[PDB]
Amino acid sequence: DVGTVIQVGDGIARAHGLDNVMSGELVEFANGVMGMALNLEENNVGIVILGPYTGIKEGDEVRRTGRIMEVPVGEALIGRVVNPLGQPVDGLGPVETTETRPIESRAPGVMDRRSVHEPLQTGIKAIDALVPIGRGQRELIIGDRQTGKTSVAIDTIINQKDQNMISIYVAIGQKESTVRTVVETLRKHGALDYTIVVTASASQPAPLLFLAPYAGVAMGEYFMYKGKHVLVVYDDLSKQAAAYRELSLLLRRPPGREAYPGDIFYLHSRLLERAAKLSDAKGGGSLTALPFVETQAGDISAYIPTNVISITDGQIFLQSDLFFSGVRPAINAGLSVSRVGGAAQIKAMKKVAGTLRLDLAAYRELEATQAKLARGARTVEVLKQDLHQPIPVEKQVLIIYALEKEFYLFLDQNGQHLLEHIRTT
Amino acid sequence: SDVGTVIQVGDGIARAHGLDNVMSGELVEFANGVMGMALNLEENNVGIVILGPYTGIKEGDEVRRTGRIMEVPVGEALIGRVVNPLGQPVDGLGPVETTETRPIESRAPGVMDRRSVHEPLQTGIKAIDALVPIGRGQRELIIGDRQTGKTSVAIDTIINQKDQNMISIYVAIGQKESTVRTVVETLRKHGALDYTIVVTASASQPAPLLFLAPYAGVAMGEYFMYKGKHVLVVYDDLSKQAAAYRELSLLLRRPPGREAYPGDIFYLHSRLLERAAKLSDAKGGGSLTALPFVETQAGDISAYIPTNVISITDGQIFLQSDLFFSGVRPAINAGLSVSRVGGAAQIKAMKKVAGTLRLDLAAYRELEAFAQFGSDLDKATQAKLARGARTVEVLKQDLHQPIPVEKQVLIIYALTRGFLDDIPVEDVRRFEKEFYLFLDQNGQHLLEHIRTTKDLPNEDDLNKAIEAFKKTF
Amino acid sequence: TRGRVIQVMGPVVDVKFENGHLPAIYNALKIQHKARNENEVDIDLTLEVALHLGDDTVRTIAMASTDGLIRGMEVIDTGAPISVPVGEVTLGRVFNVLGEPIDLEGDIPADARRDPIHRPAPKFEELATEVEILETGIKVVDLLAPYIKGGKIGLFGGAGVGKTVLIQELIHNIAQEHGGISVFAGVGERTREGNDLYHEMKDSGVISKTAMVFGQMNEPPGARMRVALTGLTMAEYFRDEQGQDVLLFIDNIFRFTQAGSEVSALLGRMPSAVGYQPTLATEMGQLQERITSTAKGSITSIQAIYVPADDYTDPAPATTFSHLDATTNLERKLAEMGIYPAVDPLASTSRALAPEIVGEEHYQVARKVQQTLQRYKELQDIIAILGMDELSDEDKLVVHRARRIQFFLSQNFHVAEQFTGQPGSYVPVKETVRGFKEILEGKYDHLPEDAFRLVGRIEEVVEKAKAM
Amino acid sequence: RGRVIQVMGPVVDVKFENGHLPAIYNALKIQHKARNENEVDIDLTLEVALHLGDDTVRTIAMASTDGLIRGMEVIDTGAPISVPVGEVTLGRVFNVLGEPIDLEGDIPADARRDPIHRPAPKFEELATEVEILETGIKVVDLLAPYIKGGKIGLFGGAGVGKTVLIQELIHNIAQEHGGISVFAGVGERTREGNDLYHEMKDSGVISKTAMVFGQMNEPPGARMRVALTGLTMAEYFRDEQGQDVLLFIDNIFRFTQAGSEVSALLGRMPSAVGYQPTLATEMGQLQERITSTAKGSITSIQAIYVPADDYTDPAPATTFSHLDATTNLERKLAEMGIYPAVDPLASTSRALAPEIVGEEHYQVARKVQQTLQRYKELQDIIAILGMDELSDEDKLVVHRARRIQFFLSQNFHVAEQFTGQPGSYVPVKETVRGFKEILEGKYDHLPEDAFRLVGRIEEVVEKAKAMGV
Ligand SMILES: Nc1ncnc2c1ncn2[C@@H]1O[C@H](COP(=O)(O)OP(=O)(O)NP(=O)(O)O)[C@@H](O)[C@H]1O
Ligand SMILES: Nc1ncnc2c1ncn2[C@@H]1O[C@H](COP(=O)(O)OP(=O)(O)NP(=O)(O)O)[C@@H](O)[C@H]1O
Ligand SMILES: Nc1ncnc2c1ncn2[C@@H]1O[C@H](COP(=O)(O)OP(=O)(O)NP(=O)(O)O)[C@@H](O)[C@H]1O
Ligand SMILES: Nc1ncnc2c1ncn2[C@@H]1O[C@H](COP(=O)(O)OP(=O)(O)O)[C@@H](O)[C@H]1O
Ligand SMILES: [Mg+2]
Ligand SMILES: [Mg+2]
Ligand SMILES: [Mg+2]
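Chains as they are written, first to last, in the entry's author numbering: chain B, 27 to 394, 406 to 440, 457 to 478; chain C, 26 to 498; chain F, 2 to 469; chain D, 3 to 471.
These aren't lab readings, by the way, just hints derived from the structure by calculation.
In this text, a Cβ means the ideal position worked out from N, Cα and C, and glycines have one as well.
Hints are all accurate, no fakes.
A partial selection of chain C residues facing chain F, derived with a Cβ cut-off under 8 Å: (1) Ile32; (2) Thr80; (3) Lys83; (4) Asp116; (5) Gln200; (6) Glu202; (7) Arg206; (8) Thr207; (9) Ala228; (10) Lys265; (11) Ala268; (12) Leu275; (13) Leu276; (14) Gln322; (15) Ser351.
For reference, chain B alone in the conformation it holds in the complex:
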């Protein structure tokens, strides 16, 4: 059950003699570089390299591991930084695990899920009040360069500290320096006490960038099927789509609308459909997802953005008017819509702030009714936000209901007689 490599290109090889290789298996190259068997033909087997392919040459033997595409998982991954194959990349030694999960596992059926019943308190005013996110939602963060998307993800993971929810950060194609900075930011805020980080930098081959979010989803699946709650962030799904386009074109597959393959929808779909809120019979676990998409010139009607919007349960459009317009993070509420809606919020928030989004959309339309315009500008200014500090919802609901840092200090410094009532309900 060993073969000899007959071709090796830009991270894609073709081997000869792997008679019993299962589709999607794992194969070992002579120098210890992992690979995944993609296509099986009459005489040769197509392999995709998952690491440095420069050391692999024609004639090098390849062995069969006998295992499908899997990633290690367990409790030891908490606080660690690993590549898509689960091998640690930080200088903190190895990761000792016992269980493995398949990369391409089937999503839960239509009877295994339930409606989103509980909130995922991100800790940002507009996200937690205007575009609510639940514990089983797949909420897409979409925007141009800068625009503070990674900042939103970091604040989410930081605020999940008091919550009893595991968090996962998947870095696709991001600069390894930026990933290091984000990891150290999570360390300084204690977020690594519950967070796993999966990294696949730009210098890495396209297959690893393509494979990383599947590894993150499986890592979260281990905790969700165990009854725990997970939050998974893909640092850019656009870069994963580009990596998959490259990997497909190297395989001589004809392209589609924007040179992307035909699978470029399905590729994301079978990913974001593994994020679900399981029923009470299935243990009650959940896996929230926060895909990231980068838009060229803020054009959302492009191909990959519309694919991901078709797949996710809403979107948050962070428009570029942040660092030359202020009021960051600005929200294009006429487009940032949460499809789960008021079921995600608490009763108080749903009561107080159920009308903000329509008012904002109408105000943006009319800026193409003096009282309406005044109130709309007030609704724009009230949702101003601060730095990477989470803000709790309990003292923010009444601040929203007022229509305010002076209100923020006045509400709590005069006692918690208003705080505890909503902290309990």
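Use these hints to put chains C, F and D with the ligands onto chain B, whose structure you have.
For chains C, F and D with the ligands alone, coordinates are given in the frame of chain B:
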């Protein structure tokens, strides 16, 4: 050498071995009786296009050459029926009793076998009948966006041919069967079925039937053309025929072209359309008038098939969505429409007024862009704008409401002579209604003179009739 | 007549039948293999034959994940296409592609009647053509493009414009109060949407007269290709063998075309325009022509069609436009403005909008509304360049009434509760026509335009105005 | 003798002996009598397009390929398509193959037949001798004069008037200059071909013209070689007869599209908007044989269809690089009654300079161009504001500009078919005299309709008298 074994079956095509003596375009028969056309002939492989349900054909099944080019049965029995490209009826009205066949691929009449087209095909649509005249033997394309009035215009044309000996054929290609059935029933309600043949090639039919449908329709039309009768053939979309032929070529592994369309796609349309001709008295006066249809996506007439069909035809009627939604019915772009037959296909009375109408519309199209300032424009510009508004109200018509040629001539005469410059614009349609009744009450002599002499009557009597009606109005 | 797997790809598998007994096209094949040692994985997979090749070989499209497939694996031939269980058993149940229940309500009895999913469409002498207005209660739909009972309706939309919400309101307004039978087929939609709709159907007491088929985005291309055919078979038995009125909902019929395009290149077919299948139109027609009314019974079919990259000129929506009686076009620009259902008042047209079908008053008011909106759209450029004051008085009135109409064409949805906290509304066609006739007349000129958004009948507009 | 091995539509692959292969562009004949009742008689002509190796050539059909059977013998003629040339050619209608498609007999076998593929005349065989060719059309003779040996392109849309203008050029030149004319029906409409033949025959130009029709319903190879056939006839007439010879080509656009379709059928990768990669080479190989040499001259007039008013399309843009004079036919003028709908400002000529046409001619043409440009600029102001707002000079310039605008239109000898009015022929000297008189203010008192459709300014005076002025 007359029998082979199919070695590949798939997706509406087949590849066979050993049909050594088969001709290009021949017919072949499979073990289950399903016909096929041997299109691609290669070194050790024959490409067959499947003319039926191909699910029953498996690899290794026998295939036998028939030594016969496709022939469509044709006769006077087909009139009033609905058939498929093979000529088999699709309604429950029993078999068609024809007794002669015509080859589906036949030569068009030569250069010397034709005659300059001179007798008008009266559409009944005032905009077409005036500004885009059509004559018997012409090839006129109707091109527009989806849901703009192509099929409605063709159906109104077929409706108008009741008392004109003007036999019609309607090739419904690519339309869903419910649409074709609705078309048939609405033709029947207005009595067109007494002189109409309908060829049906719906979407679920195998793509070669879609490809062959216009060939079958024109083959049926040529039979009546050669007997001195006048024939009208309407293809409800040549775009879908082009799509089906491209699908066949791509499956048959033929090199793509401009938009994956085959290299010979132009040929495929041209040799079809140029089969519509008007013959000289030596061959008989019988003629064939073609009305190909083309759908443009973003009003983009710059594509491959639209450009080809525009090049072939003797004129193009451009239907615009923005005109359809603005209340202009049937939304004919008289500014971008062309007719290379022109006055040769009009009554003399119609010509004398249509020239002035074209001049008026040309003047009006020069002042549309200034209408943004129209409140405070020049007196002459305002007069031209008012005349253009009255004209665009006059040219407005309703669905399934053909107008006789004499009344079209009279209303255009009233418009051009300036009798409508006093009435308000929104009333023009009502005018165009009531005046017509007025004619049928009193102006019967004028209509009879126009119908007999094919020329405008005495102008002072016409002016007196107009003045009398304006007093009545 | 066992076969052997020779090649394995993602969604397609090649099989070899060396005994010279090949399956027909669309025949079902079974991989049922148990791991003989620790280095294999037990597999239970269904394949659908698509093409024949030389030397006793067939190209098939697998119906589930192909991971774990090994060359040389044994193949069983079922001798027939995918037969789904049909009849009374389907009512109140949920099935996957293969007609196997997934609702945890028990296994369908083996001896139940099964029907193949591949059959030719009804012939010309069989279809029944007749236009009767189907009242949905949605103002813009029932006014500017009324739906036909027994016809075919298409909700064309981009990503996140309101296709699924509109489907839910059509189910809540139409399927609940209709005494026929209903079938919902989720083709390439979200599993969350399927589960939520299933719960909404059960707690409303309508699941008792409904069957469901679910093959979603998480499933391979073959599943998304054949979900529509399975649901069509289920509805077609009710239409033909029972003669009952049927309501067939398909939340994304575009995913069938998309999944056919995904496997197009691997099957061995040259790319067509925009990389679609060469046989896009034929494959779509072989499906859409089966969705039709017959002299045996009517089928009211509502399909939501996804528009890639918000481009209506894409080959799939363009080819689909010729298969539908009524068409609803959902616009992203209208959605961004808060106008829901974001129905394009101009580009959406239906065969039923005729003076003899909906009456003269309805036709007149609908055409006047469309003319006013088109005039406003054309005037928008002049307003942008010159301004508002430079417009004439007639153009100012046109802009006024056009803004009023465009706002008033929106209405609060029932399914919008969780998105708005506001109860839904049901507007009779008479109320819609009366309201728009009064708007055009100028009866409600003085009311601020804000009162016309997300409203029910015309009196609800003045009621909202009292709140200001 | 070869044998056909592959048939894919209008493309035929023929296998020959191991060493006796035909050359490229060589003509092959398939003449097969039906051996049984299951087949049909075949009379087909192919042109060797390229070589595949293994003693196989790929060829393009000039007739319908239906009915071909693999294995039937192919005759290798050993030379490209041969075409009858000379006296026998005159007054006849031929197809791409030189076979006369008229009913007036046929061509004898023992006659001189020239190949249609030949290298263009060399550098030292050329002759640059600029001389104006008088056509009789006022606007053309004034604002865009033609030259002997030049290539004059008539660009236009769908109904502008290119074919009627070609008809007048044929008729006027035949009746006045007595020159030999050749007509190449490239992608010719059988209806328009019939009309052209009838109007040639009725007016007596039949004896001064030889028509070559490549029918629109013919395979692309025929439609893209019929231009070369007409060029071969014209080149014989230039060389062996000496006097100037004119070559009119139906539409260059249809020749470029025939070439594009031929390339696509052969399987070559498309360029630009799907066009053939070798488009420039083919257009050059056509237009470079139309040159004036030491023996004689060939003037060429070619109509070019511009799709969707896209002048950046490869066919018109590539044609622009060979045309000494380009005339733009505008639909806007045609709808106004101005014929030949020649755009005065977009029409350019190589020979609109004093050194070729004289100081008076150039000055008059430039003054007319300036007046028309000023009127075009003043269009918006006269449309919005009244004519009173214009100054006296602006009033005068518009006053004269309308007169010139109508005066450039002339009654057509062929338009008697359409409008019945007899046509006219205007000498260049009288043309410039009339335009100079118009610009001098001698006729500012004549109403503009007098200049609507006439030949000479004296005819303008006569028409003004006719209306009762
Ligand atoms: N509310 C805020 N106030 C001030 N600065 C902010 C705020 N939110 C984000 N930033 C800054 O914005 C910058 C970009 O943040 P980041 O989240 O990395 O954007 P991004 O989505 O990652 N763009 P990219 O680098 O291409 O991934 C960082 O320097 C943040 O410190
Ligand atoms: N002259 C007219 N006046 C008013 N309404 C019209 C007119 N012509 C067509 N319509 C309407 O427009 C609709 C479109 O019909 P149709 O003529 O088939 O358009 P189309 O060009 O065929 N688009 P399609 O059939 O989908 O390719 C008809 O059903 C009528 O309701
Ligand atoms: N009447 C309405 N009132 C308020 N919001 C609405 C209304 N109709 C639709 N929406 C919003 O429209 C958004 C789009 O949701 P959805 O209906 O799923 O779009 P979609 O077309 O199904 N996306 P997809 O199916 O993946 O192509 C939702 O977030 C709703 O809140
Ligand atoms: N000189 C003219 N006088 C009157 N009518 C003309 C004249 N030239 C063209 N036309 C009209 O315009 C049409 C132009 O046709 P044609 O010139 O063949 O188109 P194209 O220029 O595209 O070849 C003719 O059918 C004729 O009716
Ligand atoms: Mg139509
Ligand atoms: Mg949806
Ligand atoms: Mg022409």
